[PDB]
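The data below hold one chain only, encoded as structure tokens and taken in the form deposited without the named molecule.
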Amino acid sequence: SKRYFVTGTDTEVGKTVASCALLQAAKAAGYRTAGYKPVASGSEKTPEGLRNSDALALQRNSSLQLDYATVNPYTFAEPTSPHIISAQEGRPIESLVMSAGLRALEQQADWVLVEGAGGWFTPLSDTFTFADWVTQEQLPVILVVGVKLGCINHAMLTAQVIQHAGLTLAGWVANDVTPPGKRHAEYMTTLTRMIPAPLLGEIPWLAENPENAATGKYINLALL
């Protein structure tokens, strides 16, 4: 089965928006899809426990019917770095648990998308980062680049680090986080030249909630 790890180059680049577009495109291709966000911070209280909106988006965009805990085993109330709330709450983030949830999904889906929390080097504990887990899982990576101020530097830094860890950079998705501006074409050209992986598509600026929009049309899965 196909499996990918999605990470962003900076905060607020629309990582979940791109993830939902990817899931919709995979489903259109005929795959049995599953979204997985092992760790999520910043969540609402419900009668059944804490719920994270990004995990809800992945749950909803998966073709299979999945239970929330399957999509997101680790949910924290405060939107801060996972290693900080984890320590405060006395709830360790276990590599074995994150890996188990991945296997669980692989038993039903042909195409699994794993969404990280924060960026590449987000700490899960004092001695373990998200990059450590992706590296041990040998997951190919899809980079979500927000077309904004500073994206060239952030995308190159992330790409270099990933390749250096011996992982495959499967592709990148350009997310237009702001309305059309000047230099947009120039930024896209520079990013295309510099990121050593295929551009899968560009999701235009949408003002509502791109997570709920039919965005799969913007992804060219044949390039993965």
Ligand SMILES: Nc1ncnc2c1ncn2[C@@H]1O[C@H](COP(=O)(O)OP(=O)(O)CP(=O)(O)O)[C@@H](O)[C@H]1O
Given for the second form:
Number of protein chains: 2
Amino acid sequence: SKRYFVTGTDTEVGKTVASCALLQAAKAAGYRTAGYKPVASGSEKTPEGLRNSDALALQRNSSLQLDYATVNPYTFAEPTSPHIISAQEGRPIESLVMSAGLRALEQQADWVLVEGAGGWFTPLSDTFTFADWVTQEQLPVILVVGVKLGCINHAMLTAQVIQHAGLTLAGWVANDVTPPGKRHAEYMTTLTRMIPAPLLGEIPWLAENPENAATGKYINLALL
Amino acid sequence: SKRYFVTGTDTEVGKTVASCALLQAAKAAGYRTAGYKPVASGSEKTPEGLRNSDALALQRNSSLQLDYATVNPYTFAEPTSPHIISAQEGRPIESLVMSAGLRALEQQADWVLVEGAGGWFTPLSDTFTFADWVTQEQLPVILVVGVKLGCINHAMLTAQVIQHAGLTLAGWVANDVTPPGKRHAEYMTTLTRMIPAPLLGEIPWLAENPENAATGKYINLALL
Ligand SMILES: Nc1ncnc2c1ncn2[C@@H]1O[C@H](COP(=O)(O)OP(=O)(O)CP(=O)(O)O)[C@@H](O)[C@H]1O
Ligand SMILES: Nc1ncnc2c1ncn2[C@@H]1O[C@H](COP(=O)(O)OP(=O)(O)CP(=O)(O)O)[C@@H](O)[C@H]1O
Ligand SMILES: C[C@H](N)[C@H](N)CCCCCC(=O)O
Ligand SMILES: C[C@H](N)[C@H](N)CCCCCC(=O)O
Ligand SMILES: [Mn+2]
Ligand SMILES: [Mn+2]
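For comparison with the form deposited without the named molecule, provide the form solved in complex with the named molecule.
So here's everything in the complex, that chain up top.
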């Protein structure tokens, strides 16, 4: 299966919006797709247990019908760092459970997108970070950049750390988190020049519900 | 002279507030202090030319009476990346002018604090970043961390890049940019454990005008 990990320059830059776009483009290319969100914090109560909105978006944008727990094995109610709430609850986040889940998806899908939690270095326990599991799995990484002041520094910091870990930075996606501002074009030229990976496409600012929008058209899967 | 460069986990995390605290603690220890902001964007018009608020704060918290241009040689009106507005204006930001300015302060001060612009990787031209000048000057770096969700990842990214450049990370300052929230203590324990440099102190959330507040007491200069 092709496999990709999606990370962002910060929490709340549109990582689930860009993952849905990527999943829609892959389905359009003919792949049997599956989204995977191994760890999620910030969840609603339902009759079936906790459900996280990001994981629900990944589940409904996959071309296979998948069960919720297959998409998101670890679900925590409080929107904080996974390692704080895990210790609070007495539910260790296990690397073998995260990896087994990825293998299970690979039995049925041939294009799998894995979304992390927060940014690159999100702690999963006191001695283990998300970055450690991605390095362990040798996943190529797609960086989502919310275009806003401060994003050049965050995109370059994340790009260098990934490359120093010996991982492939597969490409980056520009996500317009605000309406058209004055230095949009110059910001896009600097980011193109400085991130050592192809620009896969730019998702425009979409006021109402962008994760349900049809955004696959903004992604050129040909560069991945 | 002792010399330190102050950087932040992002733009707007309280870097000028923590620089004023640091300058007030150094003056209290008996040092002849000078703040230096070589490059500033986001400036007001006055009868004397453009003046930047950060640079004004550094100038009024120094124990020597210094002229504005000595504190801030490059002043741009638009609050954007220095390299965009520099090219726009036809005013190159020169590394020799930035370094000469630091030497000039060193003729009169024995404790000099240098504040950068934005975060670590802020571009100054199309082939030169702020990080390149700090490496060139071999300045030890103090990291200011605004305590908010997403800050563990940004503090670790910045800490690793500085150390990979062979620079000393002298310490870090925790700045409380919001009122007391639910996971404050756990966030402070994780950041202490993960940043390989002493915690110099924590500045509390101060609603009204914190750069004019007397905040020197929150800094332990003894660890620098
Ligand atoms: N293209 C766009 N236009 C308008 N709003 C957007 C947008 N992209 C993202 N947003 C909005 O910004 C917020 C964050 O989006 P998203 O959930 O995709 O980011 P993220 O995955 O980085 C969050 P987390 O760190 O919890 O995973 C949402 O409210 C979303 O609808
Ligand atoms: N301890 C604190 N309590 C309340 N507000 C604070 C604060 N620290 C910073 N702020 C506020 O946050 C904003 C940013 O502060 P500051 O100017 O020191 O940050 P900064 O230097 O990172 C900005 P720039 O990137 O332009 O240099 C200001 O409005 C400031 O008063
Ligand atoms: C204007 C702002 N307040 C600071 N002076 C400069 C921030 C530059 C950020 C560059 C970037 O990383 O995107
Ligand atoms: C709750 C939030 N929306 C994401 N699920 C997780 C963000 C973890 C951030 C950890 C940190 O770097 O401070
Ligand atoms: Mn998300
Ligand atoms: Mn400042």
